[PDB]
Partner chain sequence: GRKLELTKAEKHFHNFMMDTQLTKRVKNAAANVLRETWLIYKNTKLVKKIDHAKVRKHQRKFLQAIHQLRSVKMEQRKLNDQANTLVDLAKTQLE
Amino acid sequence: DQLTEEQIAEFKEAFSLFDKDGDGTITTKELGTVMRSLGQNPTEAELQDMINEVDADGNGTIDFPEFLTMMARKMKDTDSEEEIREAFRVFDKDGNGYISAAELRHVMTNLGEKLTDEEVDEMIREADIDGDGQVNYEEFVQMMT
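How about this chain only, in the form deposited without its partner chain?
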């Protein structure tokens, strides 16, 4: 598990943005302040749900280890999702937000595989949850996860 000196410093910088009074904990109120600066307006119940899911020891506030543990997991999810989004843009040759059978067939060709229309149509139907005849990003991601 990688955590360099520089990575630790960056986590403390992010933590300090939340930890308004520098006591080493993040409360629901400090989280509200940050969320409002992002243009959101959560209720106290919503803030408590956000704290609760990060608050591993259940003492009501977020300490650095809890914060870093959650942030590192979120960063990995975001990295992984971005890799999936990049693949989707590559497959979606005309950039219209759907992978068509023809696009999928050309993709296969470029990867050294020759499929018939029949075979690619099958692959599309497999992923085409909403029945529009093509594969959108949500449908693609569902096949990856």
Given for the second form:
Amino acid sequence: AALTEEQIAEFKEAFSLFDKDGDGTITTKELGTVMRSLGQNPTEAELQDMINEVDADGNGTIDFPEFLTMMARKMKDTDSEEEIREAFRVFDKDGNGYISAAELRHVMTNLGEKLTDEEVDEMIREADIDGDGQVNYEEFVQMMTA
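Switching forms now, from the form deposited without its partner chain to the form solved in complex with its partner chain, please provide the structure.
Coming up is the bare chain, nothing alongside it.
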């Protein structure tokens, strides 16, 4: 919980992803705008709570000092291998740990933001390790998180 000076200049750049008006402070309305642009729908109270756990002076908004301080307490990261495996499992229709290459192409070209058929070709080339037209997604996820 002690920040490198490198990272201080880094989080100032981060601060502007949040301070939608260059105000020098982050309000709940800006935090809601940001949260919603990441696909989340926090309530007004949840936004106030987020600010309130960071707002040292109690003026209802987050300055860069309180922003930068609250990063220092959450620098610890952990791997996402199991969460990514569970996203693949969503498409494991038979729950047998395999997704066919055809089905993975169908998913990647139709759901979410999508990939081009060319992009999906490279992904399946890596994903179908055994060349059998089937993706053992735990093994593929292990390869990508190595």
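For the two forms, the rigid core is made up of the largest set of C-alpha atoms that agree within 1.5 Å on superposition. Positions refer to the first chain, counted from 1.
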Sole member of 120, 35, 70, 51 with a C-alpha shift of at least 2 Å between these two forms (core-superposed): 120
Is_shifted residue 137 between these two forms (CA, 2 Å cut-off, rigid core): yes
Core superposition between these two forms, C-alpha change of residue 97 at least 2 Å: yes
Residue 26: CA movement between these two forms [superposed on rigid core, Å]: 0.2
Angstrom shift of the Cα atom of residue 8 between these two forms (superposition on rigid core): 2.4
